[PDB]
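Take a look at the letters that make up each chain.
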Amino acid sequence: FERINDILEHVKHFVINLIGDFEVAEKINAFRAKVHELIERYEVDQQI
Amino acid sequence: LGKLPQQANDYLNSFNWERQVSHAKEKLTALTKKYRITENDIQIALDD
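Protein sequence lines correspond, in order, to chains A and B.
The authors' numbering numbers the first residue of the first sequence as 2307 and each following residue consecutively.
The authors' numbering numbers the first residue of the second sequence as 2115 and each following residue consecutively.
Only true hints are included.
Taking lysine to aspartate or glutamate and the EDC-like style, the derived pairs with C-alpha atoms no more than 20 Å apart in a straight line are: (1) A:2340 to A:2351; (2) A:2340 to A:2329; (3) B:2141 to A:2343; (4) A:2318 to B:2162; (5) B:2139 to A:2346; (6) A:2318 to A:2308; (7) A:2340 to B:2140; (8) B:2148 to A:2346; (9) A:2318 to A:2329; (10) B:2141 to A:2346; (11) A:2333 to A:2343; (12) A:2333 to B:2153; (13) B:2139 to A:2349; (14) A:2318 to B:2161; (15) B:2147 to A:2343; (16) B:2148 to A:2343; (17) B:2139 to A:2343.
Simulated from the structure, these hints should not be mistaken for lab results.
Pulled out of the complex, with its shape left as it was, chain B reads as follows:
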């Protein structure tokens, strides 16, 4: 019975806003690089 509130509190603590914003920063890094189109490759293909 005691493990239940402890389990809920640990579940809340482990996945707190820290990890959420860490993954948000991962997504923002993807935006900074993965969602950018390399105009250099565009011009290389045009010149090819």
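Chain A with its partners taken away, still in its complex shape:
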């Protein structure tokens, strides 16, 4: 199964890289940024 082991190692590398390429952390950071611009745009401070 040594060939199987090497193939599994390569497949694990590919899966980890693919998941890393589509991690939600970047999406969440972008969403927090968007929230920042929305809050600054709609001017809660002036309202208070």
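With the hints as your guide, set chain B onto chain A.
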């Protein structure tokens, strides 16, 4: 009797919009840091 209107005015003054927006800026700082996901930690866990 006189202390009452003075007490109400002092209560209004102490907790004015200044403190409210100070706490709002604290919340926005939390958004800037605490609500962000460190993609670096994500990739470190993936590599581990």
